[PDB]
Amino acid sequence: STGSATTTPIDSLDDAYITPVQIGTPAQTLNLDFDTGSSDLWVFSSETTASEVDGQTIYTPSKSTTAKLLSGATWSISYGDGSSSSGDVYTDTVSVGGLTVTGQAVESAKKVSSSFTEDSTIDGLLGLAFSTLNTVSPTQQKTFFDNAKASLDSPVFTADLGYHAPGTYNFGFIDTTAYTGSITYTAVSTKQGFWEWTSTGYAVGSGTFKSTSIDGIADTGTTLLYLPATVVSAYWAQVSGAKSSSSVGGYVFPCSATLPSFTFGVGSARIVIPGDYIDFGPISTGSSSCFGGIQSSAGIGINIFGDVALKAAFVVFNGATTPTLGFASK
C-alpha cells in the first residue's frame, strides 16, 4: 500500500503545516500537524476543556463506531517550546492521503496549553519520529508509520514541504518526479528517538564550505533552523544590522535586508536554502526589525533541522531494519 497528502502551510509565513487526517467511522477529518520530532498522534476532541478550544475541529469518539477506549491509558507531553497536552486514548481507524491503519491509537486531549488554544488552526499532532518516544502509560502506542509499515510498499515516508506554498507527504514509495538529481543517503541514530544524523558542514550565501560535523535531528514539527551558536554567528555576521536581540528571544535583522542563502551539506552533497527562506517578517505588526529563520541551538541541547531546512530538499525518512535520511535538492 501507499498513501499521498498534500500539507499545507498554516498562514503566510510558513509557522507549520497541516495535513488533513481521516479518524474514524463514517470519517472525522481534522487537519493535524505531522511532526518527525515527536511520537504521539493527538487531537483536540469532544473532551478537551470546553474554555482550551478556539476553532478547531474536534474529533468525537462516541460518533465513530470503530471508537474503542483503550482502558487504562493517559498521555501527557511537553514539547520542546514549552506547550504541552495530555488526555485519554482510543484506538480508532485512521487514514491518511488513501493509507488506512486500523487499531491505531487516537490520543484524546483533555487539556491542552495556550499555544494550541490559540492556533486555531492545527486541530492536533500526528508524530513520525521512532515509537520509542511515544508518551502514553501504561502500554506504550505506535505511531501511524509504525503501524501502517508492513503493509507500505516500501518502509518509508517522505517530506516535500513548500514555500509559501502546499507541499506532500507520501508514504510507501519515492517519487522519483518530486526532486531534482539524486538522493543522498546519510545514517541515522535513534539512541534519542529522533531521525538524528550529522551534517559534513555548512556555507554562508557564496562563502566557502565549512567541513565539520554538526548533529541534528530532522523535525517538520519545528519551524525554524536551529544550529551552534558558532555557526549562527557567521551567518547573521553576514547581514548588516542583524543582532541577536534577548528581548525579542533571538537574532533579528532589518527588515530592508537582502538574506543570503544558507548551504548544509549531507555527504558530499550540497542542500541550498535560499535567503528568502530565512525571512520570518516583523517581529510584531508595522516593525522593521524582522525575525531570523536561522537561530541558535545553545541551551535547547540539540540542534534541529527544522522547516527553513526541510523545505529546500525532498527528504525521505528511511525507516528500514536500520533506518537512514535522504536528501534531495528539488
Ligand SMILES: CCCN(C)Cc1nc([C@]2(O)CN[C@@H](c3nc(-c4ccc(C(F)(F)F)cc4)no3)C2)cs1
Contents of the next structure:
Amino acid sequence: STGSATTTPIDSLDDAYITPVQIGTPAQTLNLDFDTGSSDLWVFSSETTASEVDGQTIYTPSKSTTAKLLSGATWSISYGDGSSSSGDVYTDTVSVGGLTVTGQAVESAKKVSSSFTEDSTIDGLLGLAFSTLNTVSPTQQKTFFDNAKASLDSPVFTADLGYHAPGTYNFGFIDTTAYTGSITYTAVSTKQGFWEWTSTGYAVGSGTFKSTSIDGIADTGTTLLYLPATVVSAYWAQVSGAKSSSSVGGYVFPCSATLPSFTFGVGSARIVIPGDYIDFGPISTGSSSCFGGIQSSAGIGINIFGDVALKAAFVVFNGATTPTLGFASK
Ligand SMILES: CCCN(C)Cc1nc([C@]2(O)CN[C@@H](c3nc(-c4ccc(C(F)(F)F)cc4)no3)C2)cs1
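Form deposited with this ligand bound, following the form deposited without this ligand:
Starting with the chain above, the whole complex follows.
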C-alpha cells in the first residue's frame, strides 16, 4: 500500500505545516502537524478542557463506531519549546492520504498548554520519530508509520515541504518526479529515538565548504535550523547589522538585508538553502528587525535540521531494518 497527502504551511512564515488526517468511522478529519522529532499521535478532542480549546477541530471518540478506549493508558509529553499536552488513549482507524491503519493509538488530550490553545490551525500532532520515544504508559504505543510499515510497498516515507507553499508527505514509495539529481543516503542512529544523522559540513553564501561533522536530527516539527554556535556565528557575520539578541531569543537582522544562502553537506552531496528561506520576518508587526531562520543549538543539547533545512530538499525517511535518511535537491 501507499499514501500521499498534501501538507500546508499554517501561516505566511511557514511556522509549521498541517496535513489532513482521517480518524474514526465515519471519518473525522483533523489537521495534524507531522513531527519527525516525536512519536505520539495526539489530538484535541471532546475530552480537552474547554477553556484550552480555541478554534481547533476536535476528535470525538464517542461518535466513532471503531473507537475503543485503551483502558488505563495515559500519555504526557513536552516539546522543545516548553509546550506540553497530556491525556488518555483510544485506538481507532487512522488514514493519511489513502493509507489506513486500523487500531492506531490516538492520544486524546485532556490538557494542552497555552501555545497549543493559541494555535487554532493545529488540531494535534502525528509523530514520525521512532516508537521508542512514544509516551503512552503503561503500554508504549507505535507510531502511524511503524504500524503501517509492514503493509507499505517500501518501508519509507518522504517529506517534500514547500517554501511559502504546500508540499507533500508520501508513505511507501519514492516519487522520482519530485526531486532533481540523485538522492544521497546517509546513516541514521536510532539510539536517542530520532532520525539522527551526521552532516559533513557547511558553506555560507558563495564561500568555500567547511568539512566538519555536525550530528543532528531531521525534524519536520521544528521550524528553524539549529546548529552549533560556531557555525551560526559564521553565517550571521556575513549579514551587516545581524546580532544575537538575548531579549528576542536569538539572532535578528535588519529587515533591509538580503540574506546569503546556507549549504549543508550530506555525504559528498550538498543541499543549498536559499537566503530567503532564512528570513522569518519582523520580530513584531511593523518592526524593522527580522528574526533569523538559523539559530544556535547551544542549550538545546542537539542540532536540529528543522523545516528551514528540510524544505530545501526532498527527504527520504527510510525505515528499513537499517534506517537511513536520503536527501535530494529539488
Ligand atoms: C534531545 C533534546 C530534546 N529537546 C527537547 C529538543 C527537541 N525538541 C524536539 C521537538 O519537541 C520535536 N519536534 C519539535 C516540535 N515542536 C512541535 C510543536 C511545538 C509547539 C507547537 C505549538 F506552538 F502549537 F504549541 C506546535 C508544534 N512539534 O514538533 C520539537 C525534538 S528534539
